[PDB]
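Just the one chain here, the form deposited without the named molecule, laid out as structure tokens.
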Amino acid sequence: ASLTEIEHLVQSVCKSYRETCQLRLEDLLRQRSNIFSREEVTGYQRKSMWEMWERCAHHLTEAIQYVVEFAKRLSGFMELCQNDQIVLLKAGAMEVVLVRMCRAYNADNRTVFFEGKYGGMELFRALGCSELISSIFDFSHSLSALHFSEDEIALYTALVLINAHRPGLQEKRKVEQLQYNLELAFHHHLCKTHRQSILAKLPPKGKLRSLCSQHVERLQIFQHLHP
């Protein structure tokens, strides 16, 4: 690539994220004062695990739909054979959703935006997997402390998805090329915005794999019996 072709890649990835970000950052920030009351929190905790599951499943499925639309607008993604488009999304979609969640999290009171208001992890008590929920909250708290910009999220999440080492890739070389060009873009933008410092602060890549694998294993247990 040439430097202006890289800048062009950046701009495009950043626009794709803006068009598929699902909740706009301005509206999340403005809602931080809109917090569940103790009686509303009690209402969630009284819900059966089954109802909580169904709600969580619906919001996850919505989120994944936006991630998929994002993938589709990354240049070169749609020219990949359908097998590899599926491999990459199967592996990385939930990982991207976990990263996107940091935008909806308030590290000042450890609350997340859920169904219209902010609430703590105790909102989710009826699922009975506090270990998992607290590690999700802990991961988002780790990310929020970086003060991730919109564009940083865009570029980082595209590299979450465009990863040549996922197994079953039928055109591993095409994916490498796209990953390479997105890495150049990412590192270039960090230089133009003076944010080189965040690279060494990003989650160990295995961190997201390992958290997503656990998260899916809970989802697995809920959406087998009773889809």
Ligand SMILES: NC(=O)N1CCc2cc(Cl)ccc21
The other form holds:
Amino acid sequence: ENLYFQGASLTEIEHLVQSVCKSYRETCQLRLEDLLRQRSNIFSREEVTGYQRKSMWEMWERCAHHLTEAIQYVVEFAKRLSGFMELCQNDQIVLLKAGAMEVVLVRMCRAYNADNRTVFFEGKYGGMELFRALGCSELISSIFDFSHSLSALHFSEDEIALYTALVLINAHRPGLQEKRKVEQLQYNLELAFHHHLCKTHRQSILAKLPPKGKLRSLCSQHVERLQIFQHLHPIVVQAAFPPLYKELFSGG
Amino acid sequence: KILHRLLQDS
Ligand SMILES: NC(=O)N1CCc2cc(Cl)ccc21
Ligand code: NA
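The form solved in complex with the named molecule is what I need now, so please give it after the form deposited without the named molecule.
So here's everything in the complex, that chain up top.
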């Protein structure tokens, strides 16, 4: 079904590095050059106050829409990833349901300015205080800390491409029917990532990558906070949250 | 419903 479902040669691994990097470059929601250029564009005290005065429901709605927009780009990244479209539909959905948010959390570090602890949001950079109306301070703080930690690694765009391919192609996700096929694709993407690091003298980052369970903890906290919000504003979720967001995080 | 549509949309 795909070359990468079996043992790949060095030259095939080299091709895989190029294919993954190309898939990522074509499916960025935000260009790195744009994010870096916009760093001087920061929300004023007045603008921050405006976001803080928004109702909890209006802020949750906006943030769910922005997350859904990011997730759509991750779905396109998946579709372009060597071997992904050759997996069965059940496995494609299992991997995206479990991994789409994890990939967005990783992609976020590009939009995060470690210099002043701000993130690009609705056209300007703002600190975590911009999100205070959500009423999930702990989760926002944890996501900022995560982006801060990833920012300290100074990832290149190619490293992000290969690392996020692996975040998505995880053979341990519960529910995978063709687990052996996913294990082999994961093995080849792992080789592609480690080969690129070896070639660029960046193998030192391997021991510095987030631990096993860190991305899972942030994803579980998101679902928990959404369930709290849903109990408070059930019709906001039913009437005004994006259908894709609900399919991923509230079981439809 | 959505994920199936996005995956099927070529
Ligand atoms: N850029 C963007 O859409 N972001 C950055 C930070 C952030 C937090 C939440 Cl809750 C939703 C979206 C976003
Ligand atoms: Na960053």
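Residue numbers count along the first chain shown, from 1. Think of the rigid core as the biggest set of C-alphas that the two forms share within 1.5 Å after superposition. Shifts are known only where both forms have a C-alpha.
Shown in the overlay between these two forms, fitted on the rigid core, is a CA shift at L23 smaller than 2 Å. For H147, the displacement of the CA atom between these two forms, after superposition on the rigid core, amounts to 0.5 Å. Core-based alignment between these two forms gives a C-alpha movement of 2.3 Å at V216. Comparing the conformations between these two forms, with the rigid core held fixed, yields only the displaced run 219-227, spanning 3+ consecutive residues whose C-alpha shift is 2 Å or more.
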